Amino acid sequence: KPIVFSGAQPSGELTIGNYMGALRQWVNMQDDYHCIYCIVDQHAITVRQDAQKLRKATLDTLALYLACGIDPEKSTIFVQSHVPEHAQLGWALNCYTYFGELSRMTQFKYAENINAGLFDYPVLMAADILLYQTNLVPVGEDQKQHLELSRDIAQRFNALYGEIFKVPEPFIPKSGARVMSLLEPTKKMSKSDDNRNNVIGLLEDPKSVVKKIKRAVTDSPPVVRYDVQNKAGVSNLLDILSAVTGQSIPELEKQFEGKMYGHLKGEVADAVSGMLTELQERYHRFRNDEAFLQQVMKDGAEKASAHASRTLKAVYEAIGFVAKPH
C-alpha cells in the first residue's frame, strides 16, 4: 500500500475549492493509501510574520484538516518542526543539490530581501518527501518543478549509494470538482489569491457567503444552462452547486427551468453555507480542545518519527557519518 505525502501550509487559508476538490478526494482514500499530512511550519518562516500568528495558524490548520475528515487513526498528521529529521535530511540533501538547480527554480524567482530560506526551501521540501519513502505526492501546477527536483535528488543520491530513497511520483488523477474564481470564472478558485472576493474560505459565515455569491459574475434572455464559453460564470455556479449537492448538471438545469440568476445564486449560497456550517461546527470542537490537539500532534509526530529516523539512519550510514552511539 503506497505512501502519500502532502504538506499543509499553516498560513494557507483554505477554500471550498480545496475542500471539494483535493481534500474531499483524499479524505475518501485514507484506507487505500498510507496518507501523511505535514503542517510545514519550517517552510512558513521563510516569510517573516508575527510569531503568535504563526503559532495560532499551526493549530488552526490542524483543527481545520481534522474538521475536513483527516482521521489521525488512519492517517499520519503532524507538525514539521516536531520531527527534527526533516531539518537533518534537509541539510544533507543540500550537499547533493546543485546550486544552479536552486537558482533555476521559478518559485524562487534578489540580494536585499531574499533570505536563504526562500532560496533553499526546495531542498527542505525534497527532504520532507524522501524521509517517508513516499510513493505519491499530490502536487499542484506550481509544485511540479519542486517534485521534479525531489526525484532528481533521490535518483542522484541513489546512484551513488543504492536504493536509500523511493523515487516519488506525482499523483495524477484530479478530484473532478470544478470550482472557479467568483469574479474570474476563467481562473480556478485559489487559496493564494490576493483578491479575496474571488474565493469562499471555509470559516466564512453565511452572511459573508451571500455577499460574495451575490457579486459572482453572470451574463445576459437569461437562462440557467451549462456553457463554459458563453455562460462561464453561470457554469461555475452550477458546478459549485453540483459539487455541494451531488445533483447532476442536467438535473440542475431542469431545477432552474424558468428560474432566474438570482435564484441560482441564492441556491448556491444556501448550499455552500449549509456545507460550511457542519464543517465549522467540527472545526470549533477540535480547535477549542487543546488536550485533543496536543494528543494528535504527539501521536502523529511519533508515527512520523519512526519512519523518518529509519530513513535518516540509512542516509547517514551511506554518506559515511559515524553513527551516534546508542
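Each form is matched to the other, and the largest set of C-alpha atoms that superpose within 1.5 Å is called the rigid core. Numbering follows the first chain given and starts at 1. What changes on going to the form deposited in another entry:
Residue showing a CA shift of 2 Å or more between these two forms (rigid core superposed; candidates 271, 54, 68, 293): 271. Once the rigid core is used as the reference frame, the Cα position of residue 25 differs between these two forms by 2 Å or more.
Residue displacement note: residue 256 has its CA displaced by at least 2 Å between these two forms (rigid core superposed). Residue 308: CA moves less than 2 Å between these two forms after rigid-core fitting.
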Given for the second form:
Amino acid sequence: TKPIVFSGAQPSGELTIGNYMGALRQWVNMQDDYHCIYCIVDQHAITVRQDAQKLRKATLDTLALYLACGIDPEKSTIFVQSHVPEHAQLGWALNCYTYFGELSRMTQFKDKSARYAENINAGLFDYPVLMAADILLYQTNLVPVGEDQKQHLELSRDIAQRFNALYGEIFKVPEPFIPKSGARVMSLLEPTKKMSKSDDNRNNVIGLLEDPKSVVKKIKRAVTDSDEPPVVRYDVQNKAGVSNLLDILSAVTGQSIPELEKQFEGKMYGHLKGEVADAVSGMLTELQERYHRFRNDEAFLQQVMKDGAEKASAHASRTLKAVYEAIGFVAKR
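Following the display of the form deposited in one PDB entry, present the structure of the form deposited in another entry.
Here we give the lone chain, stripped of any partners or molecules.
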C-alpha cells in the first residue's frame, strides 16, 4: 500500500494564489505518487463566526475549486470534515493527551484572538487538537501545508508519539511537506504581511476566482522599492515587494529565481510586473473555466462528497476502534 498524504483547507473567505502555491499545487502533483486524502475542514472554519448561508456556499465553492485545480476524485479521497464523526470523536480523546501549555503558545490563536477579540472561543484555543485528529485518523505519512501551519503539525507529531509510547503503534508519526517556492506568499501592498484569504483590503491579494483583469491591475499597483536604478534582485529584507513578485513568477512558471534575475537583467519593474501579470492572468482564466463547469453541477459535487465520506469513514473508523481499545473503552456492538 502507498504512503498516505492528508491535507485540509477551510471553507472560509476566498482562497488565494498563496493557498494555491503553498498547498493545492502540491496536492495535485502528489496524487499518483501517494494515496492522497483532501478534506474541506468546515468544523475548523467555525472557530471564526460565519454566516450560515456563506459557510454552506463556501464549502461547495472549496470543493469545486479543488476539482478545478486538478484534484481527481478517481485518484484521491475528497470529503467534508463534518460528514465523518470520527474527527470530533478522536479530537476529544486527543484533548486528554494534549497539555494546555502546548495550546496557549500557538501563533494562529494569538493572531486570531487579537483580530476577533469579541469571539475568543474555546474552539479557537483547541483548534490544534482537532487538526491532529484529522491527520492521525488516516495513518498519515505526509502533510502538505504552507509554512504558517508548521507548528500545528509539530504538536500532532508530539501527540502521536505521546500516545504511541503508552499504547503501542496506533498512530503513524506524520511529516511536513512544505514547497521550496511559494510556501508563504506575501500581501501585495504589505509584503511583510502574509497573503490572507480574509484580508480587509482586497488589493493585497490575488484571489483564485477573481476577475483576471482586476489581478493585472493589482500586480501593477504592487509595492516595490526606491532603488535607483530600479533592479530586479531577490533581497527579502530590502526588496520584499520585488522578491514576492519574483517568487510568484517562479512558482507559476517553474523557473528559478537565479533564472528570473538573469532574464530581467537590464530591465526594470515594468518588465517584471508585466510578466507576473501575464503568467497569473492566464492561469486564473483556465482555472475559472474548469471551476464553473464543476461548481454548477450539483449532482457531481454531491456524488464526490458521498464517495469521499464513505472512503474516509472506512479508514477513520479503523483507527478510532484501536484508539478506543487502547484507552480502555467498552467497544460498541
